[PDB]
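Asks: Now for the letters of each chain:
Number of protein chains: 4
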Amino acid sequence: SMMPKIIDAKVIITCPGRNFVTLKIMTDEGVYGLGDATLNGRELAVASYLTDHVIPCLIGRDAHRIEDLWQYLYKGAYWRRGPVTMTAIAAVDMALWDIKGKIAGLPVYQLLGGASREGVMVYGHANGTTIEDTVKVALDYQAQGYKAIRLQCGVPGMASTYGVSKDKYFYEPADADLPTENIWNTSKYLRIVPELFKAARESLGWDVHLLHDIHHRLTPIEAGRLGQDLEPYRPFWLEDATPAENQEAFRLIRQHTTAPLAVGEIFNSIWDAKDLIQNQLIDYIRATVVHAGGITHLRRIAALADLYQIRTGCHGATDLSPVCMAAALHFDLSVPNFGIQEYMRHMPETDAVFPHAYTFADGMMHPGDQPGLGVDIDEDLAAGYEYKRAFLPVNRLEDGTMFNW
Amino acid sequence: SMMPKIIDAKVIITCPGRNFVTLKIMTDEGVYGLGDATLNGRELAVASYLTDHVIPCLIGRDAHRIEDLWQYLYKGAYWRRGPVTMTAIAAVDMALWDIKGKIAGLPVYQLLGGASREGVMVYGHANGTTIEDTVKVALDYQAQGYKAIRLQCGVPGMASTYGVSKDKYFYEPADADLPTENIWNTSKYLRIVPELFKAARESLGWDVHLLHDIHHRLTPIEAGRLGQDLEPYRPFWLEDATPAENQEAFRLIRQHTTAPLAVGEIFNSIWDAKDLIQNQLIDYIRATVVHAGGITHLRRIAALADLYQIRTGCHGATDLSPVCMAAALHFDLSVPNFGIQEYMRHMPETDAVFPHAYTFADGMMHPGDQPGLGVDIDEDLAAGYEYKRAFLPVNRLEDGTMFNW
Amino acid sequence: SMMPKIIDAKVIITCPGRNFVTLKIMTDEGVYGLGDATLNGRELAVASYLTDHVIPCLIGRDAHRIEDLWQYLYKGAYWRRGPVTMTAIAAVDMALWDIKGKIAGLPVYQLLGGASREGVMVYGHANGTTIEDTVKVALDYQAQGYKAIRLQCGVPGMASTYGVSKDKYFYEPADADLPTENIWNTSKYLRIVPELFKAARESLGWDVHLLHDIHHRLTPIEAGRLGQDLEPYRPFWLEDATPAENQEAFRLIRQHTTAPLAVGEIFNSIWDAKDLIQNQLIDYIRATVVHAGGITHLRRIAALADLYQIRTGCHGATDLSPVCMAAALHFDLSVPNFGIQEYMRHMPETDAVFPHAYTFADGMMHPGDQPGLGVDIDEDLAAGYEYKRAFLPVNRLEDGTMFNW
Amino acid sequence: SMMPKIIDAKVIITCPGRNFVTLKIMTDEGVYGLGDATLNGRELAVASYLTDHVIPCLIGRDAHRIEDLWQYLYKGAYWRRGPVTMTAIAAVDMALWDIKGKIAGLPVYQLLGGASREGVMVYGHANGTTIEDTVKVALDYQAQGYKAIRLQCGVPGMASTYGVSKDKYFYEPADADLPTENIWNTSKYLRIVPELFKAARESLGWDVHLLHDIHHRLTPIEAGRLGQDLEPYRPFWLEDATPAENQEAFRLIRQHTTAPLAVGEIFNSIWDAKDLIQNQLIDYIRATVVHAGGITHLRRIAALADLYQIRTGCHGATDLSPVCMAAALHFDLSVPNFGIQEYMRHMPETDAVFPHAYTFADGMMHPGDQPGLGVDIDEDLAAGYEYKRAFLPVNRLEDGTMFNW
Ligand SMILES: [Cl-]
Ligand SMILES: [Cl-]
Ligand SMILES: [Mg+2]
Ligand SMILES: [Mg+2]
Ligand SMILES: [Mg+2]
Ligand SMILES: [Mg+2]
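Residue numbers (our numbering), protein chains in the order written: chain D, 1 to 405; chain S, 1 to 405; chain X, 1 to 405; chain C, 1 to 405.
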């Protein structure tokens with residue numbers, strides 16, 4: 001019945017504890033949709049991609065035509081793929097699915113096949129300077145009812161490492177108006193992680209799922225070894241073992257370890273993962289609605305993965321807004337090959353700016369049953385938190401060589 | 001708002017010109033859905049699969065949970081895949097999507113991404129005893145506005161061959177209460193088809209799309225040769241070149257010809273086509289909503305094909321009911337990598353039994369905009385046409401060897 | 001001399017402790033043959049496939065022409081392969097071999113190359129709630145003279161798991177008029193099986209063959225790990241490690257463990273196993289006469305397997321009738337690459353309905369030396385046990401996701 | 001009922017127009033079986049293999065146990081495979097199948113699945129010094145009702161070539177008490193064959209099947225070219241294009257031509273053909289009952305070939321005795337993937353020594369319906385034709401280099 005045309009769209013930028021960029025699409029029927037467009041450390045490039053280029057092309061279009069607009073933006077940009085490009089496309093896609101649900105009077109998961117499960121298992125983030133500190137935090141997460149917990153500890157002798165900070169229920173690495181410089185030592189790291197997992201199993205037991213993020217810092221043969229060393233402790237996954245622009249990079253890892261492997265939070269399209277999937281080089285795909293081209297495209301990534309029993313493990317750090325989390329949870333509740341959802345808690349100010357229907361209890365989340373995504377933005381409140389430039393950190397080897405953070 | 005539970009389901013069997021089996025699923029809200037379950041020549045095996053086994057398990061279920069029921073039936077059968085199994089699953093799936101659209105107040109294509117195109121290109125079926133007869137019929141189809149036409153002619157010296165009969169706008173091969181026996185000669189066939197295409201281009205010109213169905217009758221190296229011989233005439237596709245249970249069977253064909261290849265009307269799951277697709281051995285995938293596990297599963301087949309620029313070419317013979325055609329047209333209007341839709345006209349009695357919203361004009365079809373699939377069944381009218389046993393034909397070589405029909 | 005034509009055939013359905021479907025083919029010479037057509041949980045779909053479609057085509061045919069009828073039904077169905085299709089074909093094939101033996105005055109094994117061995121080694125089924133319970137039952141089987149024993153134990157903390165029940169010499173999972181729902185936890189399972197095998201070797205010693213059925217519940221990399229963990233205990237096989245519709249699914253398993261692998265009880269044709277065999281991904285093929293197209297086709301599966309030193313390990317649960325067991329034992333005694341035969345004991349009522357010549361003693365079976373298969377059906381007795389609907393169970397993960405049973 | 005033990009066996013050697021070696025196996029029930037053991041040009045090596053080694057091991061064995069004796073001889077020889085070894089094994093195997101049929105009171109084809117066809121298509125042999133001579137002979141074969149004809153012509157400027165002689169309905173190359181020396185020129189040959197096929201199609205037309213035997217004389221890239229040059233004339237096959245000990249040798253041929261390829265008359269086991277078959281490098285497999293390990297083993301070769309739509313094309317030159325031809329025709333009538341049977345006529349003296357039931361009419365043969373193979377040997381008549389040493393020819397290049405005949 002309702003046949004809404006897009007009449008206006010705008011980018012809202014706000015910093016309630018950290019930067020978020022949001023797309024709002026309005027139709028002539030008064031129904032609107034929201035999409036996350038946040039790209040941590042490069043936020044204003046996406047805002048411009050949208051405001052200056054994409055939005056003008058949205059005006060007048062049939063909001064029902066989700067696939068058509070996806071293809072129009074993907075093919076029509078001419079220069080294909082990429083983090084800025086695909087995040088802009090995701091934002092439009094999310095917003096259109098939001099609108100579709102509102103028109104249908106159904107939550108988005110009902111449009112994607114309905115619920116495949118009763119709730120969405122998440123993991124939280126235990127970090128500490130020492131192994132003892134890390135295990136103590138993990139015990140707290142376990143008591144709170146988390147079924148899965150990521151472990152990150154300090155590397156002895158090294159001032160910093162990925163995932164360790166003063167924050168407990170999250171990790172906010174974009175912490176400075178210029179990139180914070182870190183120093184990395186692979187040898188020390190390879191020896192500490194197995195000791196961490198040993199101590200963790202001793203205190204937590206064997207039912208809880210234990211995860212670890214390598215954060216791009218190993219070569220393939222080094223990752224193969226870390227895998228071998230962690231097998232005794234049965235990790236749920238080892239994530240981002242080695243840079244993956246070359247999709248053959250995981251071959252040596254898979255040849256040498258049975259530790260389950262996860263990758264892809266920085267992937268922006270199926271083309272970044274096609275060979276990793278088809279060659280059975282990974283067990284979990286980490287791509288997200290916001291960074292890999294929205295619900296439309298993420299469903300295709302998941303479908304390819306399903307053929308090889310690879311499961312979804314969407315990235316869920318703080319730099320994905322509650323709009324992204326809402327979309328992710330609708331995707332998670334409905335996708336058949338769901339694995340796990342990452343859950344870092346947002347600041348209270350963030351929750352206030354983005355009121356939402358999704359809930360967390362007893363280690364499980366649910367997207368809620370409001371029409372569409374079940375999320376909104378309080379524009380008046382958002383206007384009170386001005387953008388503040390903040391970069392992700394960089395990492396160098398001890399001789400000064402640029403390395404992977 | 002509406003949360004319908006399945007309260008009853010039943011199989012309706014009717015023969016308005018030919019046999020059709022239809023599943024009707026009723027919910028406690030009064031909304032119902034329809035699914036085609038027709039499996040030509042083996043119809044009552046699916047009716048029993050549904051009535052005796054599947055239907056009892058449907059009662060009480062949440063009709064919104066399409067994916068859950070698909071997986072429940074697919075995995076839960078224990079014995080996986082197969083023509084009877086997957087047709088029963090398709091029928092349930094179609095019916096649930098029908099219900100979903102009705103609940104949403106939207107035509108099904110609006111749930112599958114919206115319209116990717118303004119209409120759906122179809123092909124019709126020109127057949128004749130001689131090449132001259134065949135080309136004359138093709139000229140009529142072309143004048144009627146068909147943009148694409150399948151050509152089948154008699155093989156000189158042979159009493160019968162696939163696709164040639166007294167019927168003009170369709171072909172009804174299940175014509176006897178025991179399988180009609182045919183005699184096949186490959187040598188004569190390989191020499192006639194290139195002469196047919198030569199004559200066709202001479203009269204029809206080069207804009208019209210010309211198709212040919214080999215109907216499983218060649219070895220791979222023979223199909224490679226027929227391809228080479230047809231390249232000059234630029235066929236839109238050569239279909240079912242060789243039996244494909246062995247998915248390596250298309251390798252020699254693809255090595256030796258650039259004629260576009262189509263296969264898969266008899267496929268019932270993605271597992272029948274995964275290697276043909278990933279190895280780039282075909283250009284069009286012919287699997288249908290009714291025989292390959294419904295909309296849910298056919299979308300996954302299409303998504304895999306899309307990665308390799310392979311397009312959909314759904315089978316559309318008379319033994320797929322208007323319920324299947326409605327679903328196919330919703331799929332066709334929304335799938336991004338649509339290629340073509342086969343369209344054989346149904347008998348008037350069939351149209352009367354299955355009133356529908358889909359339309360045909362100027363070589364193009366459209367699913368219409370009624371909620372759900374836009375199809376119904378007139379049960380009182382259906383009851384007046386009793387089931388009549390009818391088998392597909394068989395084919396033997398001249399020495400009597402069982403062969404492929 | 002005798003040249004029998006088929007004059008009639010019929011499907012007999014009976015439930016002497018569980019459902020069985022049997023095909024009886026009568027010839028004009030008075031000689032008849034029997035074939036099992038039982039497809040657990042979907043029985044009436046095969047009965048209809050036979051009664052309504054296949055049987056009409058059998059009438060008048062030369063019963064000597066076994067290959068011709070196999071090809072006629074396989075190719076002639078048009079829609080190829082599948083559990084209902086291939087079980088119907090198997091039933092006809094078994095019945096025709098039965099007839100052939102009767103005409104020749106020889107047991108069927110004498111037509112298949114003669115005896116390759118003096119008897120057929122079988123395995124029995126030890127199950128228990130605890131490891132201690134399971135090992136105690138295994139000790140009893142070992143004392144009874146079984147040379148091979150399958151071990152299944154409960155998963156601590158989980159109400160149910162595959163293969164564990166109150167029944168000792170068999171396992172009857174189709175136990176309800178709707179599918180029983182189960183809840184699955186992979187983590188707990190992966191830790192219990194190695195403890196079971198450790199305890200088993202401690203009590204049983206190292207000569208006995210010990211088997212385990214994973215029953216489709218692991219991903220490939222998980223199965224690789226379970227394999228690594230079980231190698232110390234030298235399992236005879238680990239069965240159905242991961243769903244195998246994708247035949248590449250066993251690649252990661254084979255890469256990482258030397259535990260012998262078995263698969264295929266649910267396969268219905270050689271096309272389900274060709275790549276698993278040719279790529280040397282398994283050690284035993286489990287396909288059966290009744291579900292994979294009869295003696296004619298199972299011999300071809302075994303011949304392909306033989307080239308790679310892969311051996312037969314026919315499935316032998318209670319849902320394969322004594323008619324199937326008779327055929328299996330004739331196949332087993334004659335096939336060169338025989339590995340083992342599964343043997344679950346039938347209820348006394350079942351044995352009464354299907355009198356047979358095959359015997360069991362000291363862990364070994366033999367098909368007997370009666371003409372044909374050496375099995376009959378007491379139709380009067382069968383008529384007293386009416387069909388009773390019963391489904392195989394389903395399995396879900398703890399979040400409710402449909403999973404593999 | 002009858003359970004015959006082998007009591008004696010003997011080798012009969014006779015030369016009714018050419019050398020034949022025959023194995024006769026006698027049982028204590030008085031039933032006997034015959035097997036061909038003729039290995040052209042090396043006949044007495046097989047006679048000794050049998051008389052001195054195999055026969056002593058046969059005495060006392062259960063004649064019903066065909067598979068057991070096959071494996072016993074194949075594995076038990078220790079030194080596996082080979083022309084002398086496998087011909088001895090074939091002779092035993094043929095003789096045991098002969099016995100099995102006699103015991104069953106059935107012709108052998110009835111034990112191998114029954115008849116798959118009404119008769120067996122054969123090809124005859126047209127040869128001439130000039131192309132004109134060759135085509136004239138072919139016209140005669142065509143008039144006589146042959147559906148398929150091999151063409152061999154002289155190479156202009158060359159005194160001899162394979163397949164050309166004064167004999168019309170056969171070719172007897174083992175013609176001297178020392179190997180006849182021939183001189184070969186590849187260049188001249190590559191230019192003459194396409195002219196032969198051109199002339200043949202001009203006179204014979206396009207329905208008849210036309211075959212050509214390259215007889216091992218080309219390199220792969222040369223065979224690829226000859227294939228390309230013959231495609232216009234649609235040869236039924238091009239046989240033995242290049243020596244095939246290296247099974248990769250056919251790769252370049254298959255890459256470059258769609259002419260159908262045949263190989264394998266000199267193969268003695270499936271191991272000589274496994275890769276040619278699995279890599280889809282040939283269309284017809286030419287191995288015979290007598291040289292590739294009998295009926296038992298040839299059925300396995302055919303079954304592997306069937307998976308790839310490769311058909312049988314048994315070699316049938318005069319040096320295979322009527323005992324072999326009888327076995328071949330029982331195999332041919334029953335094998336599902338039959339392609340064609342070679343038929344060279346034997347001398348009248350040969351037919352007198354080996355009375356048989358098989359017949360030829362109108363280009364088709366049939367094994368007949370006598371129990372067993374339907375062949376016998378007249379020992380008194382055989383005794384009147386003494387062995388006469390005769391070698392196959394050799395071939396050298398013009399510089400004297402040893403080459404392939
Ligand atoms: Cl970019
Ligand atoms: Cl089926
Ligand atoms: Mg990460
Ligand atoms: Mg077709
Ligand atoms: Mg099992
Ligand atoms: Mg030759």
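Any given hint might turn out to be false.
Since the list gives no way to pick out one identical chain from another, each pair is judged satisfied if it fits inside one copy or across any two copies.
Stated by the list, open to error - Cut-off 20 Å, straight-line C-alpha distance, at most; resulting in silico cross-link-like pairs (EDC-like, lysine to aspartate or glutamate):
(1) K198 with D229
(2) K75 with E132
(3) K188 with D28
(4) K75 with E231
(5) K274 with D306
(6) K24 with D351
Simulated from the structure, these hints should not be mistaken for laboratory data.
Asks: Could you run down the list of hints and mark each one as holding or not?
Replies: Tested hints:
no.: 1; hint: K198 with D229; result: both (10 Å within a copy, 18 Å between copies)
no.: 2; hint: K75 with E132; result: neither (52 Å within a copy, 32 Å between copies)
no.: 3; hint: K188 with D28; result: neither (60 Å within a copy, 40 Å between copies)
no.: 4; hint: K75 with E231; result: neither (43 Å within a copy, 30 Å between copies)
no.: 5; hint: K274 with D306; result: both (12 Å within a copy, 12 Å between copies)
no.: 6; hint: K24 with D351; result: within (18 Å within a copy, 41 Å between copies)
Hint compliance for this structure: hints 2, 3, 4 are broken, all remaining hints hold.
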